[PDB]
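Q: With chain H held as given, fit chains G, E and Z with the ligands onto it using these hints.
One letter stands for each residue in the lines below.
4 protein chains.
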Amino acid sequence: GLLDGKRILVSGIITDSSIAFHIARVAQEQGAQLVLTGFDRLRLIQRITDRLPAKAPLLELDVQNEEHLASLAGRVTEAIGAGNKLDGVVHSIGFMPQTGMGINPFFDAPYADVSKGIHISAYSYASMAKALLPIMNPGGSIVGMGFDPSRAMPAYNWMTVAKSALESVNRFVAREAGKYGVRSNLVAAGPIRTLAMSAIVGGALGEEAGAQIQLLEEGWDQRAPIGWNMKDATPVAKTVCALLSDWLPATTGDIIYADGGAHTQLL
Amino acid sequence: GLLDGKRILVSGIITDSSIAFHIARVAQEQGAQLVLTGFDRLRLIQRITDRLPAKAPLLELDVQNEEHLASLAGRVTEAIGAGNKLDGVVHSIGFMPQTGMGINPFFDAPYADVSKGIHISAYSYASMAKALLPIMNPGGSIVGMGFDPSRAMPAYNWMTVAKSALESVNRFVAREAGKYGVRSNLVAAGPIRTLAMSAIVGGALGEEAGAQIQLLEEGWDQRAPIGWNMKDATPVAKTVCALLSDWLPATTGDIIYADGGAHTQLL
Amino acid sequence: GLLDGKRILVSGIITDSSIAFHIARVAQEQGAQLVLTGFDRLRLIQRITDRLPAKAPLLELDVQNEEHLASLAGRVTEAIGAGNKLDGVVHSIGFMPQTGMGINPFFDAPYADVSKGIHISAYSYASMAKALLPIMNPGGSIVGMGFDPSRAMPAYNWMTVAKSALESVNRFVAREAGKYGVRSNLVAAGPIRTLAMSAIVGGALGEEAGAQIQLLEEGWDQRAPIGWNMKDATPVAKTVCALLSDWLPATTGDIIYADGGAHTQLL
Amino acid sequence: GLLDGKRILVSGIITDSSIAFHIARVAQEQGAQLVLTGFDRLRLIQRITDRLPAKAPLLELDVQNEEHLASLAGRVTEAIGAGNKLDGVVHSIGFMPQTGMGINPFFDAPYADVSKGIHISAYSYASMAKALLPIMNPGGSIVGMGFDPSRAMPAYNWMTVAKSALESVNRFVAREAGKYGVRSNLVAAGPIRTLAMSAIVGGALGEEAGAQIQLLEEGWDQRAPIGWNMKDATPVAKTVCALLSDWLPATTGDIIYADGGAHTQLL
Ligand SMILES: NC(=O)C1=CN([C@@H]2O[C@H](COP(=O)(O)OP(=O)(O)OC[C@H]3O[C@@H](n4cnc5c(N)ncnc54)[C@H](O)[C@@H]3O)[C@@H](O)[C@H]2O)C=CC1
Ligand SMILES: NC(=O)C1=CN([C@@H]2O[C@H](COP(=O)(O)OP(=O)(O)OC[C@H]3O[C@@H](n4cnc5c(N)ncnc54)[C@H](O)[C@@H]3O)[C@@H](O)[C@H]2O)C=CC1
Ligand SMILES: NC(=O)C1=CN([C@@H]2O[C@H](COP(=O)(O)OP(=O)(O)OC[C@H]3O[C@@H](n4cnc5c(N)ncnc54)[C@H](O)[C@@H]3O)[C@@H](O)[C@H]2O)C=CC1
Ligand SMILES: NC(=O)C1=CN([C@@H]2O[C@H](COP(=O)(O)OP(=O)(O)OC[C@H]3O[C@@H](n4cnc5c(N)ncnc54)[C@H](O)[C@@H]3O)[C@@H](O)[C@H]2O)C=CC1
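Residue numbers (the deposited numbering), protein chains in the order written: chain H, 3 to 269; chain G, 3 to 269; chain E, 3 to 269; chain Z, 3 to 269.
Where hints are given, some of them may not hold.
Which copy? The list can't say, so a pair holds if one copy fits it or any two copies do.
[Stated by the list, open to error] Derived pair list, reagent style DSSO-like, types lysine-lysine, alpha-carbon separation capped at 30 angstroms:
1) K233 - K181
2) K87 - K181
3) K57 - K132
4) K132 - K233
The hints are simulated quantities; they were obtained by calculation from the structure and are not laboratory data.
Here chain H stands alone, though its shape is the one from the complex:
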């Protein structure tokens, strides 16, 4: 069991096709005891998570809520029992109001909307770390979910800016986390057919967005020297588990690309 004995907080389960859902599953299959957090439809999330191969306490956490962040460590040690600490934290949380993604022209997202997306998608990586490093073991691992934002791309727009900010935050959380003996890294994932992703290629945010995203994903699989299957989140899940394991013990402030190799190839 890659993750035998480890206690791991996995955030961001919203449906059974969330990337966190699969991380959660592969983690349990691998020996880990989890605690889960969820955003706003908690009953829905409870019903979804009932399907993991094992039970796991579930706590509410709205990353924009000071008080939830304040109480989080208490709620976690309670759920895992006093005298116990986390070995692993997964941040798999993201959001950008739709005015910052694809419908709208890039220049028409208003600041209050982008600030919200940066808050939830980038800054919150620091918040979770701050809230949780006090309850983590030496040898621990924080892992966040990004996508390669180093070139601009159609439709993703401000969400790419948010991911750029996230990569930079991650390099700073690594500085803090290191004082605890704790690694911090991002997994840069290829596009994965989430419920929201599907809704977008179905045109949820306008037709030209839809067509652009669709063209983006097909290009991925073509460049990926080992292919990319957007229908299958589990190679990303496995990658996160590798970073939660003790098998990358000298990597931090870093980015692991689970993307089929697509970013290393031009045509």
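A: Chains G, E and Z with the ligands alone, transformed into the frame defined by chain H:
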């Protein structure tokens, strides 16, 4: 005259040691007619700018003000006369509340403070572009001021996150600006002894910040194969002018490092 | 056992402080059956490898020898028995004549000497892949050893050029290897006290080299948010094993930094 | 005149569609006195260069010839007159035997052929610098021609490896050149329809190469936010001249992308 005939909006003059101040000066020495914008002490800025080798209208612009952004193009064509357009825009604007720079631990900047810095230092690059591309000529150039945020560094903290977001914004403004025949680029500058920079090495934001920044700059000059003189902004000024010229006509969404070569060298 | 059942060719064992030595050891501790290759002192290597926690056939391979490359696949399937294939190949081979490292000024390495180092240290990664992909399983993994060559550094000189070429070769072997269902990646390691490394800080290649390398390594541990211990190769060993495992199944043409996080940090 | 008064050695003119040809032309139009070097058809090159807007001495230089390198500085000061030095050197030289480009599979280039291409296309950048820095002024500029080798691409194959090595060499020549007050940089150009380029899209090196290159170039113009015209070398020429000028005085060991902005954009 590198810039003969060009009309250029240069933002961000606050003292005679602002980097915009020198860009302004080198630009005039080079043939350009400028319009200047300033933030909040306009009388102060007027008195400062009186010293440039030529007169230049001065307009108020608070990058967080919708109405200033709204009116900006009107105020500019008025100042340069109807039927005239800009060839050049300089964004040399930045700010991060001090809770996000160095005193404070990284995890204690509150979101409202970082959001403010991201607003002024990153998002505003899109705002200026949006406000001004309607009044720019084919062959034009937007240039913003950054610093290399690809590795974390002590004290700069959230300001580095903000610069990471800026680089990503710049790649998107390039997409928009290209429809107008207009380039967008950043100059990544080495550390330069601005009034605020000095105040910080003098300990304005705590002693350990001060010492860290001071150590940062000395490392710069040591790595720079051609040296780096933080007392002298004019090699950065000249670099911005090169991007305003027609001599980099195939570069955009890009980053030019005016940093003595320091980023290309490890020890 | 991370590597249970896998058959793995590990090249480059020359002493018990070679990085391959530890990869070999951690791999065996982890379930793998190995075949080993060695360069020129085969009796010496046999005596060294006798110390691994398990036996492993040992084959001669001089990466500059056409005939050794020609025969290699035969010799390997013989050693592992017909009808069996490799799951894993480790390239941990490197060399640059000393005229290209540190004594000599950079401009005085003669081409014939640099060509030799590029041959052994970069091109040979393609050669091993070519010689061995015919005997590898879907799901396999080729892993080479590099160091981050993206900034120039004192003394390493042409060896850095060679590592730059290696990273680029690796992106091409990924293209080929993918047709076999096989990943190709590099581990970028922090400096590790090998016999040759020690000899150099002891001044083997001149005093100023020695002092520069020594300054390089101390800077590493200072930047590394989780520290770097050049005396201990085993975090690199573990990283290579992670890439040999099935836990990074969507990464290829890529670079994993086992370097304590040092490359993500400026000061 | 951007380059008024400067003396500049421009290498690599072979036809009137060579990139050096246009650099040469734009440089003269801009005030510079040139000395030119040529590889092996000197009479041909003389007849070609007769067309520049001004005369320029022409010297033979085969970058693989020790004796030509040995004598080069003598021949140059002779041609420019004793007591005079160079302000500018252009390296616009490249070659990879066709076994390393596109016909052949990547694994079938033999080392002796790749070594040749690395010799001419990468190592020679150090050679020219070594041969010429002794006859350069403070404030001088060495400029080489590359293409972005950071992702693998079809057909270019070993020539991409060679360009990877070149970028790394350039970071080392910057270290040496800095002791003379001299900058070293590369221009990364978009694809440009040279005679050899045309021959290749015409299938000179096999049909699938041809089709791949052709697909590569069309993708360039599509990503380039300001377009890319492979028929027109003069935006690259202008970029090189910008680096020869005094307008990028703090950039070295660096890479300027004259590529329409294509590398900053994913789809
Ligand atoms: N699906 C894709 O193609 C890729 C997604 N990613 C990233 O993976 C992560 C997970 O998203 P997916 O699983 O793809 O979609 P998802 O929609 O299943 O996950 C988004 C999670 O963010 C949570 N969330 C939103 N606002 C929140 C708040 N205020 N507090 C707490 N949680 C909040 C949602 O509840 C949801 O569980 C995101 O960072 C996404 O950007 C990275 C690469 C690719
Ligand atoms: N000084 C340094 O070592 C380096 C500075 N930079 C960047 O150069 C740019 C200029 O800063 P410096 O000249 O160094 O300092 P400075 O303090 O002279 O310039 C800052 C400018 O931002 C303006 N500003 C702040 N808030 C504003 C708002 N709401 N609206 C409009 N303007 C506002 C200020 O009025 C000031 O003119 C900034 O982007 C800075 O981050 C980049 C590299 C190095
Ligand atoms: N030690 C260090 O600080 C770092 C080393 N690396 C790389 O790790 C790899 C292994 O080197 P170390 O274990 O450090 O030193 P080492 O000297 O123990 O390993 C070098 C291996 O290359 C082999 N070799 C040399 N010429 C050969 C040829 N013609 N054919 C076959 N093999 C040949 C040697 O026999 C030796 O086994 C090299 O790629 C090195 O550049 C990467 C990062 C750091
Ligand atoms: N054409 C393209 O799409 C791009 C070309 N480049 C680079 O621009 C540079 C110039 O090539 P182009 O003008 O495109 O082609 P070209 O064929 O006109 O120039 C090649 C030059 O290399 C010279 N050369 C070859 N072997 C030599 C030797 N032993 N000694 C001295 N010179 C030798 C040739 O004589 C020729 O003048 C090369 O570095 C090329 O890789 C960079 C980006 C794009």
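Q: Provide an ascending list of the numbers of those earlier hints which the structure does not satisfy.
A: Checked against the structure, the only hint that fails is number 4, while the rest are satisfied.
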